[PDB]
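For this view, one protein chain was removed and the others were kept in their places.
Note that the chains take the letters A, B, C, D and E in the order they are written out, and that residue 1 is the start of every chain.
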Amino acid sequence: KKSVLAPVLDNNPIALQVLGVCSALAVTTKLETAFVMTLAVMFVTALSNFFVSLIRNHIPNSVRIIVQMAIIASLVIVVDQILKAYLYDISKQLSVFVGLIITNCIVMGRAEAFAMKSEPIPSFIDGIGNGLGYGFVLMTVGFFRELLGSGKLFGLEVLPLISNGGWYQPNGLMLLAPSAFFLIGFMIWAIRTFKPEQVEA
Amino acid sequence: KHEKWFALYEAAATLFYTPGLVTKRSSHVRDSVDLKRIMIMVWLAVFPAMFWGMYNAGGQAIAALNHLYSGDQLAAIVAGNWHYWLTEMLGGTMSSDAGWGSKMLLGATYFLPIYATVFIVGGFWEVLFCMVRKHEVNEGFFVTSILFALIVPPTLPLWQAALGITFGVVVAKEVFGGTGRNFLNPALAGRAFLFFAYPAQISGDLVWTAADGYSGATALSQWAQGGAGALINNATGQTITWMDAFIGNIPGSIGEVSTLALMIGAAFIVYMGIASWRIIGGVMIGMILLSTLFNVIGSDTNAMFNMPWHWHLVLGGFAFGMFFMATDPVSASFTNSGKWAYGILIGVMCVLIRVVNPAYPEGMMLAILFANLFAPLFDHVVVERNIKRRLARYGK
Amino acid sequence: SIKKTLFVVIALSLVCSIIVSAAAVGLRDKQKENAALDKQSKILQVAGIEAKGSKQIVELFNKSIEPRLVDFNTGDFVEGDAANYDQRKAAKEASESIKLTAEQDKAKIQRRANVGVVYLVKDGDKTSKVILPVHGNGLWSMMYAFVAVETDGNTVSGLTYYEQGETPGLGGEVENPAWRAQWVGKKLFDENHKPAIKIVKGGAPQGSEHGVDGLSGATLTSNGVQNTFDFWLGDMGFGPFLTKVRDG
Amino acid sequence: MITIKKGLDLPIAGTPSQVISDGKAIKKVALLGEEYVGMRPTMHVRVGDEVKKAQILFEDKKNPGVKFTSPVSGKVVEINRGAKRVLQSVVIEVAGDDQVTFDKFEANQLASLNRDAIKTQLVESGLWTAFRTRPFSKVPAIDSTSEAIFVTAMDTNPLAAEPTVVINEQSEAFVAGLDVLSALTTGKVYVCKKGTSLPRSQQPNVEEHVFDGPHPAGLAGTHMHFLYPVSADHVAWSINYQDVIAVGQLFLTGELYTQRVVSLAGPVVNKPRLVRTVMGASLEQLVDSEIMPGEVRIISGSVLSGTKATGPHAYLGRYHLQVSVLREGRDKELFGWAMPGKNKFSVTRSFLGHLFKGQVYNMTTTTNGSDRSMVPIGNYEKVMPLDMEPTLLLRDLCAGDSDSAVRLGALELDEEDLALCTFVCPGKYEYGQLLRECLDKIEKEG
Amino acid sequence: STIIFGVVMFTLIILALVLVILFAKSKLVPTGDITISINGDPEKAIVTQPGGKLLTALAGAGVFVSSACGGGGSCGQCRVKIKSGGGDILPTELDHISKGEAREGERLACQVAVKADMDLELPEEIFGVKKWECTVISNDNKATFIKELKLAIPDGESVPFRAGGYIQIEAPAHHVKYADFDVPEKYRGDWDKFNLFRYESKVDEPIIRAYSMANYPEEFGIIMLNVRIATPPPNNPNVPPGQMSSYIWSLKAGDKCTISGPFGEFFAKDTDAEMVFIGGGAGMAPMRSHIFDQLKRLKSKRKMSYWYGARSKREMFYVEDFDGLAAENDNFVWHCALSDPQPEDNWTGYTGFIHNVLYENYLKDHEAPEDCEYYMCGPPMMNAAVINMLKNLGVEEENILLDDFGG
Partner (left out) sequence: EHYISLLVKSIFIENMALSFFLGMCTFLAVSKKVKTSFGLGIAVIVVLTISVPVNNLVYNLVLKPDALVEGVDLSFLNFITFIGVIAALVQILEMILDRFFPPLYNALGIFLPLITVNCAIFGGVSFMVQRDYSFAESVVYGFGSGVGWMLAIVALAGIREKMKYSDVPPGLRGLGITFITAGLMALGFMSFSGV
């Protein structure tokens, strides 16, 4: 339990580490896409970590990148096939970042730092925990962005819009690039104020 | 008690009276210039622009109302908007025969609320940051607030102004340490926040004239639509001459319209040395060069290609941005050659956005932000060349 | 030991290869249905037919919608795999597309497919309306839409912008149900058989035969829509086909 | 020859009469510990000890072999130490005439003396402390040598003495000192002066360079930047004209020469003028009965770069050849920052004062504002004639970036060089202290 | 059919990529074993295959480099002079190596990656590292939390060390219980109070630690160490106890202990200035080595004072030796300050913290405290207090020598 929750606030992959930022600023526009991305990242990272741990003893070590990318890419391709089969609209919304999950620095970070020198079960659980932390950041950013940019949560109208005879005027910036940057920065600010040990000297 | 308010109290005490501080070391005699006087000089430089902006906004609103409505209908609308009947109660008249006094009063009714809201909200954020961080309140917020209030449509909602100034002060300035420690322009940061977050209230045809129910495109949009021949003032039905744009008798933000008032204030501050004439010269050089290039190339489908440089100067917020926004010293480059490059980049980028960017009729703010991003690179190039000279002992 | 490294990488690239290839091939058929049902649902929505769920969508689309291919140059029906026709891909190839000049390219589309796909909605054994896919360049990105034309060939029964990248609130109002519903009852052509649908800036007069209110503060997107409807109803667009529909 | 156009001449009222007179008798002299950069004293005397003219008072732990000798013969009365037992000063009450003599040579052989002999005599007499290595403004090491010794024969500091007047009466001593320096230097001696004629040394090593322009032209750092650019591996020594006269007198008469001509000046000096005194003369006694009533600040050296003369530090500096007395500007004015500055001096043109050309301002010590973050408006570039980017270097100094500051030329600057940048700073930053901190960090890490 | 074609194309592409990588590695990367010259002697030149850190290659050879943090580049005790090769200095090294030493060529072997021919100028001390399997003479308690480990070197030989130096003791995997420790009843009060006997230490792999000597060079044939028990802190009792400290406290007479060295960098300055020694806890070990070395070997006449901080009388030790030195040497004096003397101590001397007593009694009236050389070693709190007090007295950091135990 401690290791699963460790990368949520104590060692968050995006707040403390800088892994997985690229997907955070792109798929957070909607909570549906953000949540599906969290699930996909958790699944891919956990399975890749488990397999790499299973093959953590006999690897070329000369094409290390090729081998540790083959498993990740196969898993990401299978996940892409599933997402295009089930939840095709979500796959379309994710656009190209479904593929980028192979290069998502979280997966390699936990494949090399942990899965290469750990037992398969703890490697899988650590991958699940890191995916959970990344998805926590993703869901917070996406919640704020969707709520303040469309007045909707998971596609359900929460704040009535003037265009639909409501009262709330959507904030367009929440649907653009800088909003994700600012939200991540301020979330890091809050996390590091509540956890001063992470403050950088 | 009340120590938590000390940071604010001192700000008042230092504002009314100069501190009795004396030099402790280094040079025992200091220059009479202080940040307070520089900020107040910049604040006074836009006073002619602010007053003429109020007058122009009032005149445009009155002309549009008289051109649209008449008779009892006019009275009804005058009773429907608090600006109009507040002007009436104060002695002003909404009729076409209104003098300069009534127009200025209506412009005040439209501007003073925005300026007051911006000042209060931004000052609350600044003072909150100072008290929480045990800093001393700076005077840059005065210039930031006035400039932000002078670059928004007269019909901007008060809450939108509050959000814009909050973004410009907190995200762009305070998180970077406050006055003198940021790299972006707070006023333009807030204006861009409003530009990209609530484009409906800071763009189009229904916001640049204070007359409710009136839809009129500005000079820049009209030029883009149909070239120089399309520059017609619907409210008065009279063509917008170059002199009209230069004086500032056109729809637009409060204080941006008049190139003459901005020229006077900019000349005063530039003579005082507060504003870098190198940045202004660079902006002029870039705008002139790119405008002449586009004119030479020409275009049968894009009218903007045929706009002369002098029309670029007097249209939109080019003058205001060049004088009181491009000259922001903190966001500008810190080297003279870097200042020239920064100004040239600002001018070129503004002309590019004006001409070859259909989405944005004007690109002064976007150009300034883009050049703010790259001013450190010009500084880096200049210092690298200087260091290369130094390592050669200056050829000695 | 290069031997062991090569053997292990080969075995890995065999097992993961089998997994990936089997997953891709097995789901390939399903990928087609899932991709198609979105456009089918959009056709049902514009057609005025209500459908919920994939099964209902496919059933109703097969029961009531007949896709067909039309030649723009001659405005006549042609034989082909209309159900499996990709107009977007066809427009990108010189064999099944033509390059539009500056004068003819009113909608600012680089290439126009030689053969387009329409959808006949038939209440019974006879067609009740025709859904035409019309697309044109907007302010930010290409906007695609379906327009429902009555059998008379002049009246528009509905409109839906199923693909449009524009600023929400300003340019995204094409998705607003009220603006789309404002198109119902409008006439595409005038008495002379010339395009007449106009997007009036500032609000069209009430009851106008061809006047539709433009998007507020979004003159550029409205101009793009007007250019789209003027080009696609012209001689080089669906004009001849609509004339044939008018005469049967 | 070399003309400076970027600078600022402070027009402070009370310019010296440029006539040398006899100053008040001095019955107390002192040596200031903090006047020397990076000096950790090892005391050789105690309170009540009797010292001769050139008897060692304390030695340098960081610079072994460097001897700080007394300026006058007398009895040590006190050894003032401040925070952390830092040697604030050593005070000697003048008494008697006992002196320590050295070798004396004729003027026709000073150019042919061995370098080691010159170094030994200078170090023993304590005159070696006159020199200053530019990269860090420290006294040169005993065994070290330099290929560029800069004789600052010009004084452009506000209310500064005219070096021509002082030199004309000690021409023989100045020429002897120039010859001694020419023999001492490994390379050349740079006599940086104004257009006015000064005594010339026939030695080819000595070269005269004319610098014309505002105050910065008269600082040693500017001369080195324009003639012998300095770096970590290129060290240039600096010495003032009066110290050159002292060297000449030491090598001619064989006795330490401590007489100096210092300009007593300032808005509150009744009769500003050049007065003869001794090294480290007591400023409290020097300015006795020569100051207007009121609270005033006495400064050793120029107002732009000087030391407050109060308590332990109320003694003439080793490298200071001028006393400036200012008024304490502790009065608070209502909206004083918004009034038309008819009597306000500023590098910018935001005050009416600049309109009245030729005006003289009774400048006080008031900061004319509060501490604020640096907001460049081009003042630093206006007042910095060196081939540097002053604004970015000052930002480096403020941020403590020692490496970046060095890359931009911090090694070539002394606290006096940045005095004008401190003067024209809207934020009221004391760049001298920041530069000294950065240089100390560089020396410690290096 | 599609599956097979896709599979074969997949295998072909991956195999081609990996084959290109392998062929490039073979043709481009010289597999020839690297050679590093140590001190310029051909005999000491070490031929090691590419890969690994410099510290491992040096340890494999006959030259041993002191290392505490290991392969982390954190302690900085493995500094080496790399005249050529090794590339640039990585950022982590600069944290422990200053710019001037970087110019000289000081680098961390544990952090330096061996990838090309390198030239090294390791000193004689690092070159001349020797090991001994000494026999434990006695491990009696000299205080509540300090034990004196006496080691008889084999064959009566002596470690060629210098006063203030230290050695490195290595321990294998073991298991010890605090109950087994032979703690005299006189020193069992605190152990019983805090139930310190509960703790047990288990080590699964060989480890090595540093420890200073309590004997000066002429004390032939013996090595004396003052080892403090690194018990878990009271605020964190459940954390594992000190590994090496517990291991040494578990040793008894006749046990065999493996040591290596000598090492050290805290050495007396060669000057005639006065010397002020400040000691706390285990700091008595190195400290003693100096004073005796100053009087027995060097026979120096420098004025010397020693000041030891302690809690109670029982915490003190070596009283007879220092008292005899003071009686036989008029230029040496010593004092002990007890922070909390016990009623049974019947103490009438200095009380409180050592730094306060030293300042009030000696440095306050000292005419030139800055001219004295201060050697100091003790607990981190005492260390910080003493350093702050001395700095407030104007003593430069050079005159202040600290033997930081890392506590």
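In the analysis below, contacts are C-beta pairs under 8 Å (C-beta built on N, C-alpha and C of every residue); 3 or more make two chains touch, one makes a residue touch a chain.
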{"item": "Residue touching the undisplayed chain, where the options are E:14, E:58 or E:171", "value": "E:14"}
{"item": "Which residue of B:44, B:74, B:116 or B:175 touches the chain not shown here", "value": "B:175"}
{"item": "Chain not shown: contacting residue from B:65, B:94, B:192 or B:322", "value": "B:192"}
{"item": "Where the missing chain touches subunit C, by residue", "value": "20-21, 23-25, 92, 139-140"}
{"item": "Absent chain, residues of subunit A that touch it", "value": "15, 18-26, 63, 65-66, 69-70, 73-74, 76-77, 80-81, 96, 99-100, 102-105, 108, 176-182, 184-186, 188-193, 196, 199-200"}
{"item": "Missing-chain contacts mapped onto subunit B", "value": "133, 171-172, 175-178, 181-184, 189, 192-193, 196, 349, 353, 356-360, 363, 366-367, 369-370, 372-374, 376-377, 379-380"}
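Convention: only the chains that are shown with their structure count from here on.
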{"item": "Chain centre separation in whole Å, for subunit C relative to subunit A (CA means)", "value": "34"}
{"item": "Mean-CA-position distance for subunit D and subunit A (Å)", "value": "64"}
{"item": "Whole-Å gap separating subunit A and subunit B, where each centre is the average of the chain's CA atoms", "value": "40"}
{"item": "Sequence positions of subunit E contacting 2 or more other chains", "value": "14, 18, 22"}
{"item": "Of subunit A, residues touching subunit C in the complex", "value": "55, 58-63, 66-67, 70-71, 74, 77-78, 81-82, 84-85, 88-89, 149-150, 163, 169-170, 172, 175"}
{"item": "Residue ranges of subunit D in contact with subunit E within the complex", "value": "40, 42-43, 46, 61, 81, 84-86, 445-446"}
{"item": "In the complex, subunit E residues that touch subunit C", "value": "2-3, 6-7, 10-11, 14-15, 18, 22"}
